[PDB]
Amino acid sequence: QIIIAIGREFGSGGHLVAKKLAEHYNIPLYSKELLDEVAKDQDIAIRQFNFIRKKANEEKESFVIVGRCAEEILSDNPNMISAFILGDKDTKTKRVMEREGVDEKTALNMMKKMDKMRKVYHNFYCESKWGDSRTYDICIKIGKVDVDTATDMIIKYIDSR
Amino acid sequence: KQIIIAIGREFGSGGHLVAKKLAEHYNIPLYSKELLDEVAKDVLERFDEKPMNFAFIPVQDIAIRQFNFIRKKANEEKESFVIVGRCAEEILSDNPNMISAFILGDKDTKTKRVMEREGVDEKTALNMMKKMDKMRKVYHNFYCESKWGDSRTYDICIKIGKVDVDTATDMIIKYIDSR
Amino acid sequence: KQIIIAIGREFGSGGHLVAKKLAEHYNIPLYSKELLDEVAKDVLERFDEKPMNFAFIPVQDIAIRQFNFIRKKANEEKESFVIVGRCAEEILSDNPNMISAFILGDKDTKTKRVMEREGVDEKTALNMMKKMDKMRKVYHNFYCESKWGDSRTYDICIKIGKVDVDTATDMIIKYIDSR
Amino acid sequence: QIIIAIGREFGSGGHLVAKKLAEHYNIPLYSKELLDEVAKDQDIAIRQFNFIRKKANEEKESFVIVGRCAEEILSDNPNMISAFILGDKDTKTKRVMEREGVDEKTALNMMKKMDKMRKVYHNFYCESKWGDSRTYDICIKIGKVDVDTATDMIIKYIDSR
Ligand SMILES: [Cl-]
Ligand SMILES: [Cl-]
Ligand SMILES: [Cl-]
Ligand SMILES: [Cl-]
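Chains as they are written, first to last, in the deposited numbering: chain A, 3 to 43, 77 to 196; chain B, 2 to 43, 50 to 66, 77 to 196; chain B', 2 to 43, 50 to 66, 77 to 196; chain A', 3 to 43, 77 to 196. A prime marks a further copy of an entry chain.
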């Protein structure tokens with residue numbers, strides 16, 4: 003019924019958006035952590084993809100999923116929408132210092148390493164490019180605006196289909 | 002300026018219609034390549056704005082004049098406006114009153130809009146779409162270091178398809194007004 | 002044609018000198034943008056050559082004429098020549114007598130060659146290099162689907178720096194003659 | 003004295019070039035296989084990089100190395116040269132069917148997957164782009180010419196510095 007695939011730059015507030023959306027529609031939030039557990043029955080990746088596909092296509096469940104190539108995997112399911120959440124450098128830096136209790140220099144390095152890792156993971160499995168507007172239905176930069184605004188824009192999008 | 006909206010777009014996406022709808026909602030002018038072709042056709052310039060410095064490097078004069086029109090209207094006259102294309106999100110980088118949005122669509126939706134707009138068949142529609150998009154990407158990536166169509170180049174990107182032009186316009190207005 | 006050599010290059014790399022040295026070694030003409038500006042300035052064309060089909064899509078006439086000059090000289094007149102730039106490796110794709118080579122250099126080497134060539138300082142040299150390279154990349158990637166400067170676009174790429182122009186030229190000749 | 007860093011598209015003949023060059027100069031051929039062994043004293080990657088660096092910079096050894104970001108790692112060692120070996124699609128296909136005893140369809144899929152994996156590995160650790168001419172001193176497409184010709188062009192390059 004509603005599947006929301008969330009991509010995000012590290013420290014942009016993408017998890018907070020994902021969660022707020024899941025609370026709004028009262029549906030589950032799936033992540034890497036959950037899928038890691040729930041698929042011990077690159078090999079890992081096939082199991083996770085096939086799981087997201089079960090839930091989407093056959094079980095017809097509603098959920099939010101962060102990452103996991105979900106927008107590529109769920110690509111012909113007419114009930115899923117995707118969004119990529121980004122942020123201002125300074126907004127992200129503060130979010131990552133706070134969450135991880137680290138200094139500025141290290142925050143910035145974590146951001147760069149994590150965004151490289153996401154990009155690599157996504158672009159290996161998908162033909163589309165991580166972070167490019169064509170890969171998603173909506174992209175929102177959090178900075179000029181706050182997480183709640185991003186979340187509401189996404190619900191508007193979804194509620195108006 | 003008080004509100005400046007810089008719109009980029011894929012050909013056929015409905016991006017002009019969104020730009021128009023926004024200009025009407027806020028009752029401000031809509032500037033385009035067409036208008037700048039007119040009003041921008043008549050040493051101090053190193054405001055360290057990348058497209059201009061780049062334009063100046065020895066080896077279009079038109080491009081500079083248009084950039085400078087846009088920069089003056091935004092920064093010196095403090096006018097509010099909508100500007101489509103023309104590297105405006107890059108030029109007006111340092112202006113904290115500027116928002117930018119990239120409008121895109123799915124193939125079917127765009128091809129339908131283009132055939133209908135241009136009295137053309139599917140084949141042609143899709144060729145036009147690819148040419149104009151390459152054209153805009155080339156113009157943009159020549160003058161800017163950021164990448165045409167990349168989410169990081171903009172504040173908002175909205176794909177028109179699952180949602181219509183009115184829904185995209187409303188979402189841009191919400192972004193703007195909640196800032 | 003019997004031998005056709007299509008040369009691409011970074012600005013300042015020594016690529017014109019290699020093209021010249023090759024043309025002299027094989028005693029064939031050296032065609033450039035300059036010459037094509039002259040000799041190529043005066050319906051059948053869908054030889055399914057990508058740059059031409061792309062050029063034809065409705066929305077440069079010059080570009081078509083130059084592509085067609087190159088294509089005719091290669092394929093119909095069977096002439097041997099060196100051609101710098103002008104998308105020649107793409108245009109002459111199907112001609113099994115064509116080799117292509119991309120010439121590049123390290124920064125120091127290029128900046129030195131450019132300052133000396135253009136009576137210019139370091140700062141300017143490096144700005145020129147970046148502008149011309151963006152210019153060539155844009156021209157090339159607009160008309161072709163392959164990527165300017167990517168090794169897959171060419172048969173050979175040689176960085177001039179650790180080795181001189183004579184060494185690069187010899188290596189291209191070895192490639193050609195051992196085929 | 004001489005360090006040769008070899009990159010390559012899967013099935014292009016890059017290993018055969020690397021080996022022939024090592025025989026020519028009578029120096030060792032290091033690969034992933036060797037480095038895998040010789041560095042149990077992404078964590079793995081640091082150990083391998085630091086090993087290549089020892090051999091290069093401190094021990095001053097001569098060698099050929101395939102892959103392993105060697106051109107990036109050995110970047111200010113004025114005695115190393117890099118080359119990227121590529122191939123014609125049809126030449127590569129036959130080389131991979133023969134070596135791996137597989138059909139055409141599968142050869143082509145192996146090529147695509149292996150080239151994606153190399154690209155990802157390289158582009159994660161390096162700032163330069165796998166396969167781009169600027170990343171290397173020489174790039175050669177084997178197809179119009181054979182492995183021995185590629186190998187000789189590289190020796191010319193090296194011998195003329
Ligand atoms: Cl992501
Ligand atoms: Cl645009
Ligand atoms: Cl070129
Ligand atoms: Cl490699």
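It should be emphasised that the hints constitute simulated quantities derived from the structure, not laboratory data. Don't be surprised by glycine CBs; every beta carbon is placed ideally from N, CA and C. Please note: incorrect hints may appear among the correct ones.
[Said to hold, decoys possible] Below, in silico cross-link-like pairs of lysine to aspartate or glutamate (DMTMM-like), each with a Cα-Cα straight-line distance of 25 Å or less:
#1 B:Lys124 with B:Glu94
#2 A:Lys164 with B:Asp167
#3 B:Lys164 with A:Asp43
#4 B':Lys151 with B':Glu93
[Said to hold, decoys possible] Across the chosen pairs, the derived CB separations fall in these ranges:
#5 B:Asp125 with B':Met152: 48 to 56 Å
#6 B':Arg53 with A:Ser110: 31 to 39 Å
#7 A':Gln77 with B:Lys57: 17 to 25 Å
#8 A':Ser195 with A:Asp111: 42 to 50 Å
#9 A:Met152 with A':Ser195: 37 to 45 Å
#10 A':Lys89 with B:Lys191: 53 to 61 Å
#11 B':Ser110 with B:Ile81: 33 to 41 Å
#12 A:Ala80 with B':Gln3: 37 to 45 Å
#13 A':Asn28 with A:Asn112: 33 to 41 Å
#14 A:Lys129 with A':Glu133: 52 to 60 Å
#15 A:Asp125 with B:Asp78: 42 to 50 Å
#16 A:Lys95 with B:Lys95: 39 to 47 Å
#17 A':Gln77 with B':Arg53: 45 to 53 Å
Outcome of the hint check:
| no. | hint | result |
| --- | --- | --- |
| 1 | B:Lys124 with B:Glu94 | violated (40 Å) |
| 2 | A:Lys164 with B:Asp167 | holds (9 Å) |
| 3 | B:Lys164 with A:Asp43 | violated (42 Å) |
| 4 | B':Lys151 with B':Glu93 | violated (33 Å) |
| 5 | B:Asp125 with B':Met152: 48 to 56 Å | violated (36 Å) |
| 6 | B':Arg53 with A:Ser110: 31 to 39 Å | holds (34 Å) |
| 7 | A':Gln77 with B:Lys57: 17 to 25 Å | violated (35 Å) |
| 8 | A':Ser195 with A:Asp111: 42 to 50 Å | violated (56 Å) |
| 9 | A:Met152 with A':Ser195: 37 to 45 Å | holds (41 Å) |
| 10 | A':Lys89 with B:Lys191: 53 to 61 Å | holds (58 Å) |
| 11 | B':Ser110 with B:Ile81: 33 to 41 Å | holds (38 Å) |
| 12 | A:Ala80 with B':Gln3: 37 to 45 Å | violated (52 Å) |
| 13 | A':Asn28 with A:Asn112: 33 to 41 Å | violated (60 Å) |
| 14 | A:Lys129 with A':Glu133: 52 to 60 Å | holds (57 Å) |
| 15 | A:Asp125 with B:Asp78: 42 to 50 Å | violated (37 Å) |
| 16 | A:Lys95 with B:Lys95: 39 to 47 Å | violated (53 Å) |
| 17 | A':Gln77 with B':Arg53: 45 to 53 Å | holds (51 Å) |
Of the numbered hints given earlier, the model fails hints 1, 3, 4, 5, 7, 8, 12, 13, 15 and 16; all others are met.
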